[PDB]
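J.: Chain residues, written in single-letter form:
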Amino acid sequence: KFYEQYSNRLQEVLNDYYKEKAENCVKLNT
Amino acid sequence: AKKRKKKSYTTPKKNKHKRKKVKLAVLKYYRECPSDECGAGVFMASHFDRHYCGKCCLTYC
Amino acid sequence: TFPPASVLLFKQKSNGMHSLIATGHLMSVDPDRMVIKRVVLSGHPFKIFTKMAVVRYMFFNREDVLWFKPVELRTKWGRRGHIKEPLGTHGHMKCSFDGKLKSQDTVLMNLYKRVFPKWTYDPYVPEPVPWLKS
Amino acid sequence: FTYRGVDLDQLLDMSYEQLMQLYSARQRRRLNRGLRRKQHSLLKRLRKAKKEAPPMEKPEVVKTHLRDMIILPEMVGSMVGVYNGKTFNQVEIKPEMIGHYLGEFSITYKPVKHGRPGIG
Amino acid sequence: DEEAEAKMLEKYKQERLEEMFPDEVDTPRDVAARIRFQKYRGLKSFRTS
RNA sequence: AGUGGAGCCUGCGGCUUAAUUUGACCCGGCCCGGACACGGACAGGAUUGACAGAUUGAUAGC
Ligand SMILES: [Zn+2]
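Protein sequence lines, in the order shown, are assigned to chains A, B, C, D and E. Mapping of the first sequence onto the UniProt record's numbering: residues 265 to 270, 291 to 314, in sequence order. Mapping of the second sequence onto the UniProt record's numbering: residues 77 to 106, 119 to 149, in sequence order. In the UniProt record's numbering, each residue carries its 1-based index in the third sequence increased by 658. In the UniProt record's numbering, each residue carries its 1-based index in the fourth sequence increased by 14. In the UniProt record's numbering, each residue carries its 1-based index in the fifth sequence increased by 463.
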């Protein structure tokens, strides 16, 4: 074995990333 | 050359945290993950409201 | 006692055996002879520049350095210097020396106090057992 | 008490977009840029401390490292300790500190009292 | 019985330590040195001070 | 033409300071820090990784 050697989820992670990147300063909440 | 004295000054570092040991946790399995790779084998952990994955971290309600 | 006089020093060993530990003679009697106990405090010069160093582990407060400021510091490799300023709230100090110090080196100062004997004189002394090797 | 001819109760009812007509230039530029996550975290901490307090008693102190924080008129009555690099200073939020940053209430340096000069 | 031998080996260790390093004392971290060495002073020269 | 006088600015001594870094500094706080030998535990899991919420000055699954 040694010498013989030689989507929806990503979109969900993307929108979570965008949500967190918008959440560092929200500028709206009171 | 001139040697140093090597002060002792004992400070106890024994109190270090270790995470709790759960013993024989295979009792409570017998949701199944319908994933691309980790299907039919992996059990899908329960909160109070929602079940979360332990290999691929998928999001449900 | 007026000298000349022999002097022998024995130790109560165990089960009544007096072991001769030392011998000599009586020198002049005076309580004016100052006996000075020395304490040498040692610290590690961990930031060395030219002719100035920052030393730690020798005191641990800021005003410990201020109290023992007027004492001259010396060095295991023969250098001689003194305290300028304590820098940290802990016992870090700035010290100016005669020559450049090695990173291998050690700073130390000596403190002195006159120590007096203990009044523990009692004329009674137990009779020994006959002596034998152990 | 009044601030630009406005009483404190109206200030408590004063809307967020229209406090950008009332402060100084620096404060309005900061609030137009918006507060970051940590300042809202301190806001929520102070609101929790003021809310969860006996009414006759002053609220419990909140320790913080925030000195960039600008004092909003919601905070009047809260009891805040702020770090000056060495020691927390405990301060009460008054009505007259709406236009002020927190950091100028905890001085980070000691005044100079000159000693006798050495060899110069 | 064995406590006497414990103090015996302690005295052995103290004797071996006070000949390698003749009068060196580790300063105590808990007690301030101006109090634990309160009665001490520094002499410029042990001969002529 | 000035500088040296004056106000301001900057440098070096000096002075204050916890530190005012120097011909990087200060105040707190989490993390771990060798092999090898010996003694324990481990397949009746050694240990990694982990979404959410609560913490302390920090969005610490350290
Ligand atoms: Zn997971």
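These aren't lab readings, by the way, just hints derived from the structure by calculation. Do not rely on the hints blindly, as some may be mistaken.
Using 25 Å as the maximum straight-line C-alpha spacing, the simulated BS3-like pairs for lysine-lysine come out as follows [what the hints assert, rightly or not]:
| hint | chain 1 | residue 1 | chain 2 | residue 2 |
| --- | --- | --- | --- | --- |
| 1 | C | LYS791 | C | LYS669 |
| 2 | D | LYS65 | D | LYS108 |
| 3 | D | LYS127 | C | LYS752 |
| 4 | C | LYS705 | C | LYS752 |
| 5 | D | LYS52 | D | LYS62 |
| 6 | E | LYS502 | B | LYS78 |
| 7 | C | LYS705 | D | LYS100 |
| 8 | B | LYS82 | C | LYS758 |
| 9 | B | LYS143 | B | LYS94 |
| 10 | E | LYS470 | C | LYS776 |
| 11 | D | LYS108 | D | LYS127 |
| 12 | C | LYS776 | C | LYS669 |
| 13 | C | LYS695 | B | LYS81 |
| 14 | D | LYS124 | D | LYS77 |
| 15 | A | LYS311 | D | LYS127 |
| 16 | D | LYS77 | D | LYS65 |
| 17 | B | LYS83 | C | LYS695 |
| 18 | C | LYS669 | B | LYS78 |
| 19 | B | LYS81 | C | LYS776 |
J.: Are any of the numbered hints broken by this structure? If so, which, sorted upward?
T.: Hints 6, 11, 15, 18, 19 are the ones this structure does not satisfy, whereas the remaining hints hold.
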